[PDB]
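Below you'll find only one chain, the form deposited in one PDB entry, shown as structure tokens.
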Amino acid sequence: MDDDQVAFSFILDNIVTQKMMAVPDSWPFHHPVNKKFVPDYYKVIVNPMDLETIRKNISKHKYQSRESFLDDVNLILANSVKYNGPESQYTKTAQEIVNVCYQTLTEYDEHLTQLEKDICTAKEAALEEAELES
């Protein structure tokens, strides 16, 4: 419940909604696949991912650094490559979602590094506090 984790999560939620979800024709990736339009989806894809699941994860503060966040963004691209193939319009769009995500992280690199560094410090400060109690 530290202010650095709250600020970091807030930044990630903003990148998702304001930049990634704003990618033209990205709407099929904004929510989990609807099994009606794609009956064999969950047979083919073992680990499904979408922009809504990521926002729910951000809300639960799953991501303490941009790397675990990147693992879930990259899983969206790899799922599209497997299910629709590399030539698919769905994969080209998934790739564009990934490119804008990396671009926004690059643009906010110093802010994010500082927050990641502060989240790390708060966790270490919490453990030394639980040792001074005796």
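Numbering follows the first chain given and starts at 1. For the two forms, the rigid core is made up of the largest set of C-alpha atoms that agree within 1.5 Å on superposition. First, how it differs from the form deposited in another entry.
- Considering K43, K35, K60, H31, one residue stands apart with a C-alpha shift of at least 2 Å between these two forms following superposition on the core, and it is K35.
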Given for the second form:
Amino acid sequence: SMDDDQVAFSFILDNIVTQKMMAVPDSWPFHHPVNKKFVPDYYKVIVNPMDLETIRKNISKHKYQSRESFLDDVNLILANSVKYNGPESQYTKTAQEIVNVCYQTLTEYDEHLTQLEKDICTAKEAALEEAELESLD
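Having seen the form deposited in one PDB entry, please provide the structure of the form deposited in another entry.
For this one, just the chain is written down, with no partner chains and no other molecules.
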């Protein structure tokens, strides 16, 4: 089923987040959205915030249908640290390690993720066509 495939795709991604990315030492700065009361200027500087809790929420909503779309948000965590903290900040070195262990684990699971991604896309295109042929009956 496409639902079955979406669940498996999302579970693989969630496991990368919880078992690999969140396990990077000293990764606490990236586990949750920045609290505006704690860092009042954060949202004046960072226009497109992202963090590992938000990624997990997006996974639970099946937002990510591709490896690329998942990695778009993973990379925002790193890019926002470069912007807010600087490219040589220890915060950014930590974010870089989060991104790198993500890549490493996506590589490990690329065959299964690619197959799920393709089959989800095929199924979605077929359901779209059938929905459209139906609406015109």
